[PDB]
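Asker: The lines below spell out each chain.
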Amino acid sequence: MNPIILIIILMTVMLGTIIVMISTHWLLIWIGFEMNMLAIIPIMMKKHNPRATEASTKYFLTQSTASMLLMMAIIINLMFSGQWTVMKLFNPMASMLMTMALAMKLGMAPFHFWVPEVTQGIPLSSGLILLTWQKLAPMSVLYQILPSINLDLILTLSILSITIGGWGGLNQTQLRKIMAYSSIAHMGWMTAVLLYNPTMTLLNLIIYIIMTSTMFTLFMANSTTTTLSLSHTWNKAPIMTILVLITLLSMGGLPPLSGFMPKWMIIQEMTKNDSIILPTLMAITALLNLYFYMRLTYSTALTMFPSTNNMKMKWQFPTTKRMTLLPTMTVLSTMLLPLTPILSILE
Amino acid sequence: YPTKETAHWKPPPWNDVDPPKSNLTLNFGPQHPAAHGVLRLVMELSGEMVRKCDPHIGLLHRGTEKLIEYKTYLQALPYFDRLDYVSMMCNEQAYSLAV
Amino acid sequence: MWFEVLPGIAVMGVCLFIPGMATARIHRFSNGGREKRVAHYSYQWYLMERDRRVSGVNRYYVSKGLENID
Amino acid sequence: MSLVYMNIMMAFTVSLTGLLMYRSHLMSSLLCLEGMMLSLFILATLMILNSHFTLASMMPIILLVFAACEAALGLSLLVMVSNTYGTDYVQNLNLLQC
Amino acid sequence: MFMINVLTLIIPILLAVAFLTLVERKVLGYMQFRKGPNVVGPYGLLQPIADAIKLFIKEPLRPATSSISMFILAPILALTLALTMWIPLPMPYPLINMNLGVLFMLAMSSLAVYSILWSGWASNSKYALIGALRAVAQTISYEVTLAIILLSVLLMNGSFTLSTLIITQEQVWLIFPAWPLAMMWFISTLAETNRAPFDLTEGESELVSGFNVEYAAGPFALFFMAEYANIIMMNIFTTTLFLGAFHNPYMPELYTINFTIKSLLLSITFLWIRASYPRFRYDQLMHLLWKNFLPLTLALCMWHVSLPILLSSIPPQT
Amino acid sequence: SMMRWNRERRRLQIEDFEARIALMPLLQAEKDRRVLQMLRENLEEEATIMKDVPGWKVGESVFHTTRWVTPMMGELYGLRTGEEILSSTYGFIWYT
Amino acid sequence: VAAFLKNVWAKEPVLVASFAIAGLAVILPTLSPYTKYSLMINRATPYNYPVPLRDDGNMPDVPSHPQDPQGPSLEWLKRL
Amino acid sequence: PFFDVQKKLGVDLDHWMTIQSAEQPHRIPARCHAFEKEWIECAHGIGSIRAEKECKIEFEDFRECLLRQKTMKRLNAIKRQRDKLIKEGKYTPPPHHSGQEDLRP
Amino acid sequence: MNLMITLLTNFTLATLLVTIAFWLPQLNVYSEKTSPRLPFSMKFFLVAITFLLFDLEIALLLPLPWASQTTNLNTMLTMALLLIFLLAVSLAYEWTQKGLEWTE
Amino acid sequence: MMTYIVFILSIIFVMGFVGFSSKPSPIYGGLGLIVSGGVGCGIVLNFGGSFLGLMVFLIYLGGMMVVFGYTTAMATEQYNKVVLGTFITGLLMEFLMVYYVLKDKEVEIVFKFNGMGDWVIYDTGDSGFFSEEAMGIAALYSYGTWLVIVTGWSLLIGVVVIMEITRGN
Ligand SMILES: CCCCCCCCCCCCCCCCCC(=O)OC[C@H](COP(=O)([O-])OCC[N+](C)(C)C)OC(=O)CCCCCCCCCCCCCCCCC
Ligand SMILES: CCCCCCCCCCCCCCCCCC(=O)OC[C@H](COP(=O)(O)OCCN)OC(=O)CCCCCCCCCCCCCCCCC
Ligand SMILES: CCCCCCCCCCCCCCCCCC(=O)OC[C@H](COP(=O)(O)OCCN)OC(=O)CCCCCCCCCCCCCCCCC
Ligand SMILES: CCCCCCCCCCCCCCCCCC(=O)OC[C@H](COP(=O)(O)OCCN)OC(=O)CCCCCCCCCCCCCCCCC
Ligand SMILES: CCCCCCCCCCCCCCCCCC(=O)OC[C@H](COP(=O)(O)OCCN)OC(=O)CCCCCCCCCCCCCCCCC
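Protein chains in written order, with PDB author numbering: chain N, 1 to 347; chain 4, 20 to 40, 45 to 122; chain z, 1 to 70; chain K, 1 to 98; chain H, 1 to 318; chain q, 48 to 143; chain m, 4 to 83; chain l, 1 to 105; chain A, 1 to 36, 48 to 115; chain J, 1 to 79, 86 to 175.
In case anyone wonders, no lab produced these hints; they're calculated from the structure.
Each hint can be trusted.
Here's a subset of chain 4 near chain H, in silico, CB distances under 7 Å, partners left out: (1) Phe51; (2) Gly52; (3) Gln54.
Here are the simulated EDC-like pairs of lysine to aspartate or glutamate, each with C-alpha atoms no more than 20 Å apart in a straight line: (4) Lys78 (chain q) to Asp102 (chain l); (5) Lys54 (chain A) to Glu71 (chain 4); (6) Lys126 (chain H) to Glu202 (chain H); (7) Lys53 (chain l) to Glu41 (chain l); (8) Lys291 (chain H) to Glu112 (chain A); (9) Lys8 (chain l) to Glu347 (chain N); (10) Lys104 (chain q) to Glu64 (chain l); (11) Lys47 (chain N) to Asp35 (chain 4); (12) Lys84 (chain l) to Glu92 (chain q); (13) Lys126 (chain H) to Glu67 (chain 4); (14) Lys88 (chain N) to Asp4 (chain l); (15) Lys58 (chain H) to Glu214 (chain H); (16) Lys81 (chain m) to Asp71 (chain m); (17) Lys14 (chain m) to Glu115 (chain A); (18) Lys54 (chain A) to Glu77 (chain J); (19) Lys81 (chain m) to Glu65 (chain q); (20) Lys79 (chain l) to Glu107 (chain q); (21) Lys73 (chain l) to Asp99 (chain q); (22) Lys70 (chain l) to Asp129 (chain J); (23) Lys36 (chain z) to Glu253 (chain H).
Yeah, the Cβ is synthetic: ideal placement off N, Cα and C, and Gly gets one too.
With the rest of the complex left out, here is chain N:
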């Protein structure tokens, strides 16, 4: 792609997300989602192979269905309220439709069925955009409509997301599908605490964006897309195996790492509201996520899988790739737990 056209299209993606974030009118929310989808389609089709066309087609179908259900919820809101303010919804049917539409735009279960396909079909940079930047606009709308969200619906979606994103990555060897099922499980964690304390939702969103950005930047810096290609990283750049080790042990929610911070604050804010069974099942189901993370760490850093002889030529060359903010994102995704009461800046 033309670099000028790439920059203009990325500004259009960012602009659509900003238009969802800042606007007070529902038509501008819908316009922002349309702008976001319309501009992120060429980022997915950057390489022009049939898997990217398939992934972009499936992404188009799901986000288009979600955008039409979103405009239907907005239309029933205009029926039952005669106004357009982005706030609580004045009808439980409009609340159900908008919660379904935003769950489809996130890819929460049972509408999760596009996320590993589209994430595997597209490159690692576009997958990074899809799994980090695209989660900002629907979580902003869910932050704005939480006085009308049905509790049973959002908690059903959250636990179904956590369980399916747990059992999904247990069968996988492709890294993009693993990150996508990790995304489904972590969005379940985020929306489980939404109607209790949305500051912890924003905390989990920021920590998850930092950790996922770290893992996709490590995958781009090593050019590895499978588990077995990630295995040869100890013979090429051994510091990267240490970084994927600490980041995957972070993303499993293991203390003293800062990926323990979001789910611990979520349990801390859900037990206040006399929910004990639900964060217990959430915390026990997170062990599946940690299990396939430990599978990756065994394959990559804790053991040494056999390499090939052509690695000796790659010993003679440095990484010329722009590893943008990778030490910064690495330090923030692991060593941020002593700074845990910084979550008040999100209040």
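Start from chain N and add chains 4, z, K, H, q, m, l, A and J with the ligands according to the hints.
Answerer: Coordinates of chains 4, z, K, H, q, m, l, A and J with the ligands only, in the frame set by chain N:
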């Protein structure tokens, strides 16, 4: 974990680029048969562009210059009016100059 | 010569003259010898239905002037 | 409420369940999606004319323009799919199972 | 009483379409140093009747069709659209005096490509389908400059009402402020109805009009008479929108004779263009639209937006 | 020519709008007495119809406010014949 | 700059006419003396009813009758 | 993440189309302008939790202005009782409800 | 109402002429005549999508004869020239990246 | 009967959606969506949305369904039990809805709906020498500045997007 159902699956390509798994051939002639009318052209179009043009001819082959062999020179003169049938006396003049 | 095309153009011109003259005479016939009331806007329709109510015979074109008051 | 609102909502659900149940083609899916957009257009227009809310008369045009640009983007995806596989059949889009 | 008015519109439409064939063949005769028909009637007056009776008892062509329902619906839609384009025309009083008559005509002319597209679907040929897509692409291409030239003209009118466009042109013909719009309009309406030098399906520059191949067509007479209803209608519309006549509300037949004479001269100008030029190549009229007509159309659209503001000449709304 | 003529047309539009302005108080008084006539007729017929219904308050406003609400189309033309209904409710839309 | 302008007027006169007409459309309403009168005619077109004010006692600029001298006037529109 | 940029910068990006009681072109009121103005001036500043309970009456009047469900229900009741009395022969429509009375103005 | 009568009359006359054109040449019982994917162009699709997007920009441009009546003429004139400028910028980008080629 | 004209057109609208949603082919699906767009345009025109109904015919049916039929011709060959069965299922469900709401003058599918015609809910006033819907659409330029900016930018970006992704390089 390979099951009974998920056993026919292959690993994806390393570059994630799949194999792709031709153009139009037109049989073509002049629209209204008044000027030419007796032309067959086997086109190989590429959308708009023309790649190969194959004029199939012989549709007005009469075997003139075999019929000339069995007639005298005066009798074979009017065969030349009908070769280029808009340049009659020029072909008459060329055959006349040959004889 | 060239004027031989003129009977066909004359027949075509009569066939184009008939719709306009016809609809002008019909709009003068169905509206009391006047133009059809053009109500493009709701105020023109309100005045027109007010005429239909004040005429008494359910026809807007029946104009009532100063003789209808005392 | 108004009786026609039931019919426009039920038309949206008909084109929903048609879009939510594929038969063979992707073009049929895009037609059901634009039927959903059509029912949104009609229902928004009937609300806005029903309430005499003047400023939102420009809303259904903006809905139409954005979702028809969306339709053009989906038709371009369909064109690329049909150029890859020869047909617009959705069962050819199955390489992302592995 | 209103049905009489509908019939006195739509039946003289069909009669004028019948005799436009005679006017075309005679004028293209005398412009080609020859005659048109003068044997069949006195001065050729029975040639459309003989030709219509000849066509209406002619056998369906050779083949079957891919879709019988669309093979029926494409002439129905062509004739229905070609008759509904006349009902808002102010001649001086329209049949259906609607507030958005210009926009109605633009929409119903945008719908006219479905007859071409469905007749391409109904034929069994895969080559007639390609030719139908070429004709559809041509027509929808020139619909763009139709819409934008039309908008730029109506910025000097004030509304989408066609009846207001007689009031607009009482002091001057509207071709005097907008002759570049008028000449691009006239060539774009010429390219809408697939009329020469833009008739690429009816002539050469064509993949399918190629001497003994397939593709069942419909009845030729109905598509032909819908085409000539479109031609007379667009010439009346161009007359109303650029060459507006004097309207006396006590003697409307003065306006009717005046715009009738102007519309006849403009349809004869169509006949005089088609007897004068070779055809464009398909990409050459694509070039003529996209790289020649449309930049000037956008430039003059900006000029006709900004011009009633800089001259303080914004027309009234009503 | 279009400058002079559209300025004269704007002056004529302002003249027509001032004629509308000058006529609107009489038409507003007629419209007020019109809708009050029709609502009083509907109220007296509600009283003479809704006697067999147990627990029916005639003239009970469905709004909690005591403010005058603009009468709806069904509130005025609900008891009248369908010819007058169509002539009031689609007459402007179906007018030519 | 004049050699290139003659070059593009020789090669592509359609595009030169396009950019010239669009340039006039952009820059010319800021230089016209009549752009003010467009605003003055559009705001002085009475689409609504001129809802009068309750005469409290001190409103000298508001008239009591249309034919009073004070108030907004359209002599500039009659004259121009 | 409602980054209220429109109030931070002081721009009016979309506040104008938000409600029916806003500034309209040519001063056109909606059909429920007064009810929406009453509900907004009730619920302003008090928060959504206090607006659900303390502005219930204005909001019910405004929803019933928008959808006219109680009004159409009452008209259904009057018209059904009218048709039932025509069915029983206990009622006949007056001449001002039959179209034979030469309407007011 | 009169429009619906006129539309039904035009549809009825069209259907009657179609019925005559299909059934009247079936009266004269003739002989029984017994004797005995498509290639894709990207340029056709690009001219169709360019039409569609320019028609959407036209859909934005259509209320300009009504927009000229506003009191906010600086903003109206600015956004009018801006929409026609974005239509021209769409045409210029369609030019320079070889979009208008071989159907120019 | 004629007072129920918007209801009759809405029933034709639902019947057309059940028609093309059964999906016999994208050709006849496009035809069904064209007929459905025409009758839904009639629904819009019978509330007073004359400009918005002509926006249906000019933009929706005028450009977009033309591009859908254009692409259906170009990316599909030239033209069942499941189709006709789901068609008659949707037709029977919609006619049972019609029968219920005409016998009770009240129904509840998801919400409650009146059984009389929708002529009851109209206003009893005028709009003077303007249309309210026309002036609200004219307000797109004076009041709707940011909306025009984001819509024109999305169309410019859409042109850029389609030229990038259909290039194949
Ligand atoms: C409506 C009533 C009738 C109106 C007039 C129409 C009747 C006359 C018709 C004649 C016969 C036409 C038959 C079909 C012809 C089709 C071909 C065709 O039209 O080609 C168009 C040709 C095509 O150009 P071309 O092909 O000749 O040029 C070559 C093109 N390049 C270089 C790109 C390869 O011209 C146009 O497109 C021009 C359209 C109209 C232009 C109007 C300009 C007005 C003046 C502006 C200002 C100029 C001064 C400078 C700036 C001043 C600033 C203050
Ligand atoms: C409540 C929250 C509100 C919002 C707060 C702010 C949220 C910030 C969210 C950040 C989301 C980042 C999205 C992805 C990056 C965007 C830019 C981009 O496209 O980068 C990829 C780019 C592609 O280049 P390419 O050449 O194609 O790479 C393949 C190799 N040839 O280049 C590359 O591939 C270069 C390789 C390294 C790229 C690293 C990018 C890291 C970006 C994220 C930093 C961490 C997040 C910010 C801090 C926390 C904020 C919450
Ligand atoms: C809005 C206006 C529309 C106007 C449209 C029409 C324009 C043209 C107007 C009429 C022009 C003149 C028509 C002349 C027709 C030909 C007459 C003729 O020559 O008939 C001869 C033929 C054989 O006669 P025969 O008896 O055998 O001769 C032997 C003599 N020793 O005898 C016969 O064939 C028998 C008699 C046939 C008569 C036919 C008459 C013409 C019919 C044309 C249809 C339209 C007529 C006008 C309708 C509208 C006005 C009423
Ligand atoms: C394959 C199927 C068959 C194909 C062939 C037949 C269909 C194609 C040809 C017919 C196309 C019909 C187009 C009808 C709508 C045109 C727009 C319109 O109605 O404009 C006129 C007018 C608006 O003008 P205005 O003056 O503002 O309003 C009156 C106020 N004084 O508004 C009015 O006067 C409104 C009048 C009442 C509303 C009538 C609406 C039409 C009826 C419903 C749709 C019927 C056609 C459906 C299919 C169309 C094609 C897709
Ligand atoms: C700022 C004013 C408003 C500007 C925006 C509004 C414009 C309205 C008109 C819409 C135009 C849309 C299309 C524009 C495309 C421009 C790019 C282009 O066409 O470049 C190619 C062209 C050479 O053509 P070629 O590639 O050979 O094509 C074969 C055809 N024979 O290259 C050329 O021919 C060069 C074209 C550029 C030079 C034209 C200069 C005209 C100058 C007139 C006087 C000054 C006008 C005031 C404005 C300043 C202009 C710099």
